[PDB]
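Please read through the structure below; I'll follow up with questions.
Heads up, one of the protein chains got dropped from this complex, but the rest are sitting where they should.
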Amino acid sequence: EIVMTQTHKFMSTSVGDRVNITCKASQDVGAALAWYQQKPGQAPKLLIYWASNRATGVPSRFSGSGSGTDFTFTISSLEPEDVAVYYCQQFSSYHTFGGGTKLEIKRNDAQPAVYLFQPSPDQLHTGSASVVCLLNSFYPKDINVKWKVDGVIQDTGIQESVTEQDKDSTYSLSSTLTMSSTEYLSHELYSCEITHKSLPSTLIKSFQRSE
Amino acid sequence: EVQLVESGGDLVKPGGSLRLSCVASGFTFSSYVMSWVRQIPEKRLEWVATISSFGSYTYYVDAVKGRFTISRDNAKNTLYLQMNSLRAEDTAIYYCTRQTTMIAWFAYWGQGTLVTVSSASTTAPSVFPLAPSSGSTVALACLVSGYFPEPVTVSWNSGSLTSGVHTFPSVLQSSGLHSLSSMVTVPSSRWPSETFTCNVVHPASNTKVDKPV
Partner (left out) sequence: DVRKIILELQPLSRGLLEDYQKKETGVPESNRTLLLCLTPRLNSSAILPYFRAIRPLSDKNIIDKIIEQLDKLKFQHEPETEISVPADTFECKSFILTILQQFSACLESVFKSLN
């Protein structure tokens, strides 16, 4: 089976810049490679086939090159409508797709606004306790959210949700730590700890259960 | 114009079956290879199955072999996907596609039909109001806990409060239920002197909740 590897899940670029998206095949596929663009709520759209043939009506700023195992999808000058996910696909043998590369717009760094919420008494009635750490409007996307209960790092019970890049090019993220209500009631200090390029030192948000 | 329109996607339990249809227009259907491609919630694309013009040759991706069957009825310009022994990881948007030969690229796609496989029955959310733990502004939030299937809609003060609202993407829990949080920041004068409410609508369960914070 031919595995297609797109090394970068995300790439930041600026309108007006050249963009180079890479795709590498585990075996020779010759030039039997296709590139697709996908926008949210839409099927993928064919852009390039046979590694470099632009499909009908595809703007000239899109191109493909390579033959053998290493392929490059290039936007010569990124335009705002080009923000999307791009996938490669080989058709030397049974179809396989690369995992996609999402283009997002680079902007100035932006510090998160961070909010922390204790489990509500209604939830605790049911036997569960969710502690909710919400992060709003930061850039870049890469962020480290660490949970500490009475000083010990949590490595289970954590679900993260990250938004798509919003209208002013920032990101929002939620991290939720869920345990049983008895377990929640047995600890005192809950902290959400934020490491991020825009913060010169880690931002600690915490609360004391017993208040 | 070439048109591919899929139908049949629905909510099912593991081990269930489902039959997808794709009706084509704008070309001579029997002249072309047709295929199914699916896209899972994490947005990876996976080719599923392929059928030659008159059904003599078929290919299947290993993950579905012996569970799915691709077939076609050229008289009705229709492609089928018979899906048996369904599993949770079959959950995806299923696209039907047109190709020139059996191994090629996909120049024409339908809009897709959503298939959801989950051991969870349809479940109404539990809406938990999250009040602040003094300032220029305060943050209020609502945890929309444990619903299925997506989506919910969240609004604040029955739609009057829209500025400063941030609703996060849902996450899927091991139970098969989804959860999300919604928050708003308000001027501090407006709290706690006013009442704030989050209004959650779950269409699939046809339930409506207003929860004051």
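Note that the chains take the letters A and B in the order they are written out, and that residue 1 is the start of every chain.
What we mean here is this: a contact is a pair of C-beta atoms (placed from the backbone, for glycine too) under 8 Å apart; a residue touches a chain by one contact, two chains touch by 3 or more.
Which listed residue, B:88, B:107 or B:209, touches the chain dropped from view?
B:107
Sort through B:53, B:71, B:78 or B:137 and give me the one touching the missing partner chain.
B:53
If the hidden chain were put back, which of A:21, A:32, A:75 or A:135 would touch it?
Among A:21, A:32, A:75 or A:135, only A:32 touches the chain that is not shown.
List the residues of chain B that touch the chain left out of this view.
Output for chain B: 28, 30-33, 52-54, 56-57, 100-105, 107.
Kindly note down the residues of chain A that lie in touch with the hidden chain.
On the chain A side, contact with the omitted chain comes from 32, 49-50, 53, 91-93.
Just so we're on the same page, only the chains that are shown with their structure count from here on.
How many angstrom lie between the CA centroids of chain A and chain B, rounded to a whole number?
That gives a centre separation of 19 Å.
Mind pulling up the chain B residues that touch chain A in the complex?
37, 43-47, 59, 61, 95, 103-107, 109-112, 126, 128-131, 133, 139, 141, 143, 145, 166, 168-171, 173, 179-181, 183, 185
Taking the complex as given, what residues does chain A use to touch chain B?
Residues 34, 36, 38, 42-46, 49, 55, 85, 87, 89, 91-97, 99-100, 113, 115-120, 122-123, 126, 130, 132, 134, 136, 159-163, 172-174, 176, 207, 211 of chain A touch chain B in their complex.
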